[PDB]
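Missing here is one protein chain; the remaining ones are kept as they sit in the complex.
Chain lettering (A and B) follows the sequence in which the chains are written, and residue indices restart at 1 in each chain.
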Amino acid sequence: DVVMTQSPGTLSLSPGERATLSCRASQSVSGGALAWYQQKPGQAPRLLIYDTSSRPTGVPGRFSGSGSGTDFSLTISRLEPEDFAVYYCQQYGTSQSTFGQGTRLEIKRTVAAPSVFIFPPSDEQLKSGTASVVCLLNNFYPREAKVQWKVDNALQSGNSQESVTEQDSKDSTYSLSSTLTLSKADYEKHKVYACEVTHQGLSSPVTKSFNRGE
Amino acid sequence: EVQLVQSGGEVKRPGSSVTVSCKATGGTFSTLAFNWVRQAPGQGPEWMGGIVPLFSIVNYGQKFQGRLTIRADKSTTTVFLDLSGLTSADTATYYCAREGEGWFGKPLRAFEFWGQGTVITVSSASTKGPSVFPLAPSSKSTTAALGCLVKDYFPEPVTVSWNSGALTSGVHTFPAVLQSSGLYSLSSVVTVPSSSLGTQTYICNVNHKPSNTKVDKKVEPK
Partner (left out) sequence: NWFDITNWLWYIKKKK
């Protein structure tokens, strides 16, 4: 069936700048039945454009949509601070409607290296039989970052999970938190616990580590 | 204003069936299309199906046929969503969305009015309050960061504050992760002046309403 592919995956632009988001259909959409929606974190999507180019009441005139086929550009002439959000395109010209995968429009800013912190498990958690080790990457940009866990120089894989915050409303940075989970028995067996961070703002990787029981 | 108010979120056992309702007010109901759209955590919206209540004309996505039922009640302007055979792939927020109305009427087809969403989690684990552990500031100073790890709770959500609300600037509370145990876990951190670590007490306030739990844990250098 018709597949909707949006581009770019992430669009990073400056407040006040001009924005153009592209949406492509795997086959031609009949009668221009294509809509654009805006979605901010935690809210339902909001319809910005319907029928290719028609704007519902209440949507500011800085938003416009165009296409005439498979390539629909939503344009924002002057990105206001409230316009940074995820945008979705939807085709409804057939009896089976579908949404694109989304384009994330975020704020552009100066490269910022992450501030890295490592936290060993608490004695209280150690009494539960499990050890969680946490690595924090604070206030970095861009959102791409690499976190590797090393236990006595051995690379970890499959026993950690991480999460990323929304772009910060004041400084436009991201933060990231990664937790490595081991049994207590596997823990203790080893000495040096380290988190290694690779980021565009770092000339070379940063390692933070601790020795168990010190 | 046209308003759609959905039923509350729920946890469903795997293999069971969930019903979500959408109470529609505001204006014309019977002659417009209502659609169901779901959105899994970290993903985009997915259209599931729609109904025109007037003659209960339905349209179901191919991927949901056999598992999806959509119904509509004109006596109470309420549309229903039924999803059987639940699996973890159906964990999502479910939205009821109505097509727009333009001038003297005309269906706009595009989804102009949305419900507040219904969070459906398909899982097993019983309701369980968290274990709150400190993330203590390193002695090997270099601003310092400290926090609390809120591990092994179910279901979402957990709220975290610092110093009973008194501490906000520089706090980051991360999205939860689903652990291989089926329980969630999240980390909340704050950065503060290193010179304050000896004199300023920092307490992290965790609330997990589904299990009626709240713990305030002091975090200090080890």
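Note that in this section contacts are C-beta pairs under 8 Å (C-beta built on N, C-alpha and C of every residue); 3 or more make two chains touch, one makes a residue touch a chain.
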{"item": "Contacting the left-out chain in the complete assembly, out of B:18, B:22 or B:33", "value": "B:33"}
{"item": "Hidden partner chain, touching residue among A:28, A:43, A:94 or A:183", "value": "A:94"}
{"item": "Absent-chain contact - pick from B:15, B:85, B:107 or B:221", "value": "B:107"}
{"item": "Touching the absent chain when the full complex is considered, from B:52, B:125, B:167 or B:197", "value": "B:52"}
{"item": "For chain B, residues in touch with the removed chain", "value": "31-33, 50, 52, 54, 57, 59, 99, 105-107, 109"}
{"item": "Touching residues (missing chain, whole complex) on chain A", "value": "33, 92-95, 97"}
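Note that in this section only the chains that are shown with their structure count from here on.
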{"item": "Complex contacts: residues of chain A adjacent to chain B", "value": "1, 33, 35, 37, 39, 44-47, 50-51, 54, 56, 88, 90, 92, 95-102, 115, 117-119, 121-122, 124-125, 128, 132, 134, 136, 138, 161-165, 175, 177, 179, 181, 210"}
{"item": "Residues of chain B defined as touching chain A within the complex", "value": "35, 37, 44-47, 59, 61-62, 95, 97, 100, 102, 108-112, 114-117, 131, 133-136, 138, 143, 145, 147, 149, 151, 172, 174-177, 179, 185-187, 189, 191"}
